[PDB]
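Just one chain follows, in the form deposited in one PDB entry, and it is written as structure tokens.
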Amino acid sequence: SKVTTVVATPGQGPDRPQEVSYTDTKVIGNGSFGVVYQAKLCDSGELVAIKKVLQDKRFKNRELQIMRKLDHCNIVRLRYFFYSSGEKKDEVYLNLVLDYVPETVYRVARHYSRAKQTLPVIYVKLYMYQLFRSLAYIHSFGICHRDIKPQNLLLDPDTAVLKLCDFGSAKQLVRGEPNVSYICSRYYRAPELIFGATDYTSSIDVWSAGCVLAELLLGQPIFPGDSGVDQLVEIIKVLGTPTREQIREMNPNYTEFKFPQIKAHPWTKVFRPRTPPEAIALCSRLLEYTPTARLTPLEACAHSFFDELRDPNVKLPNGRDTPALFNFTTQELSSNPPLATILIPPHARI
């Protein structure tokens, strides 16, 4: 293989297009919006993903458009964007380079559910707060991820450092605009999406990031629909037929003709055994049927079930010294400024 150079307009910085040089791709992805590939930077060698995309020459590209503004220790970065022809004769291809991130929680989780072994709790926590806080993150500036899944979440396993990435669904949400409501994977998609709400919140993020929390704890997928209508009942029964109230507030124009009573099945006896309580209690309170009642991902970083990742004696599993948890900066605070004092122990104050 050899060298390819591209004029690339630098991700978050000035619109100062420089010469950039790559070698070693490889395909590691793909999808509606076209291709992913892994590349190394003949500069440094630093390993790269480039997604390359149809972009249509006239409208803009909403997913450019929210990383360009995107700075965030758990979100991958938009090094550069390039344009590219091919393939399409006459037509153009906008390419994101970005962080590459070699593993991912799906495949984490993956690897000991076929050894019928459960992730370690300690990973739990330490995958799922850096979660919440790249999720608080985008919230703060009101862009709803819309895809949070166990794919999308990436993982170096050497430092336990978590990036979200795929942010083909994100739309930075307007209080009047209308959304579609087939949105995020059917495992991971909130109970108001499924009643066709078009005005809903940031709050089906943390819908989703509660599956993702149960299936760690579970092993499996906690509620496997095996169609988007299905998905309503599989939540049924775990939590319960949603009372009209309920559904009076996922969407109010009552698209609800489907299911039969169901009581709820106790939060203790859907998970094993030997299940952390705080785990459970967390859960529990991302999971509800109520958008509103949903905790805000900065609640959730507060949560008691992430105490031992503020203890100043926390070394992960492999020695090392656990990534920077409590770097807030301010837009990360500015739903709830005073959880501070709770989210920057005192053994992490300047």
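Positions refer to the first chain, counted from 1. Only the largest set of C-alpha atoms that superpose within 1.5 Å between the two forms is called the rigid core. First, how it differs from the form deposited in another entry.
With the rigid core aligned between these two forms, only one of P273, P260, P178, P120 has a CA shift of 2 Å or more: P260.
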Given for the second form:
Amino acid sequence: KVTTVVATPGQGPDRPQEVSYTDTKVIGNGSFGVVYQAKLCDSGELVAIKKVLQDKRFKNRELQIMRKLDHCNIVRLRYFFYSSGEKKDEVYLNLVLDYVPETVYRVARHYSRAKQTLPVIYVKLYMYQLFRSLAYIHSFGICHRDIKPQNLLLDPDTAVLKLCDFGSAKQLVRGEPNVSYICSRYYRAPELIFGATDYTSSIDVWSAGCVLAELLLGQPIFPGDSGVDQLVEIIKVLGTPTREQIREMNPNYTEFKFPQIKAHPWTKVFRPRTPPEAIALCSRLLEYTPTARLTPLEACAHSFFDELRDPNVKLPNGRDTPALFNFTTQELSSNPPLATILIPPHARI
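Would you mind giving the form deposited in another entry, to go alongside the form deposited in one PDB entry above?
Lone chain follows.
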């Protein structure tokens, strides 16, 4: 069963071309609409296809964002095309994406079930690549807002990571309201829980820290049932936020009772073998004040990732590391002098 459609290149010239695919299999449910796997007849390559319902009366936000993005650490929009069906009367937007075989969730769950933690070398590789993608999208003012282990795709052999699913992504601008009920509770920034409409891209950074901690711990650091229990889990570790911190999150909560609760030491949080720099990175990712959190680019330059900038560093399978040093001007636009650290001498010329 072979399907032939007229598709438009994702970031391309905007000249539609005929594309044929086959072997349609369901991968799972994306943010909005389900995700299929398929094989391009021409190349033989595997792709992911997220079919979403499109309303003819307005433009698709995800599509607008996706056509801007080209990055090694982000799942790329190969093509897009339209189709109809499902009671008809409407049109579906089909996003043809890179196919990637694995997720951090599946890998983390694979180690946790064996009562083990992911080797620090993978934690370094995966987190660094996530921060790069974050640094890239935030430079367009674009906030992913879905950051979580399930949306972190992996190639197990090459150890390449790719951020995926921008169905919740928004381009943020000063003076506009945004839904405070967003992300996923375990990875939801505290200001979001306070119902702050004014939040920035720093919320993705918070989520990243939650992922980092989870990979160190072996479980989500901030569990719990209600959205209000989420805040309880956070203060059980970070301690009751100061008045000045509440102000920086949601000013509408500045004066309130809020019983003082001692912060649980970061070193007592993780297992005794946990690297010091891993703990320092995590502590600078998770802060009540969003402005106090590291920028993704700053995170990349953190001492925790110094092992990746070693000329002799290799994967546990003997293969070379993926390209970590390939930063463009757009990636570095937030802090160009950081390249002095980010791009090691051995990768300069």
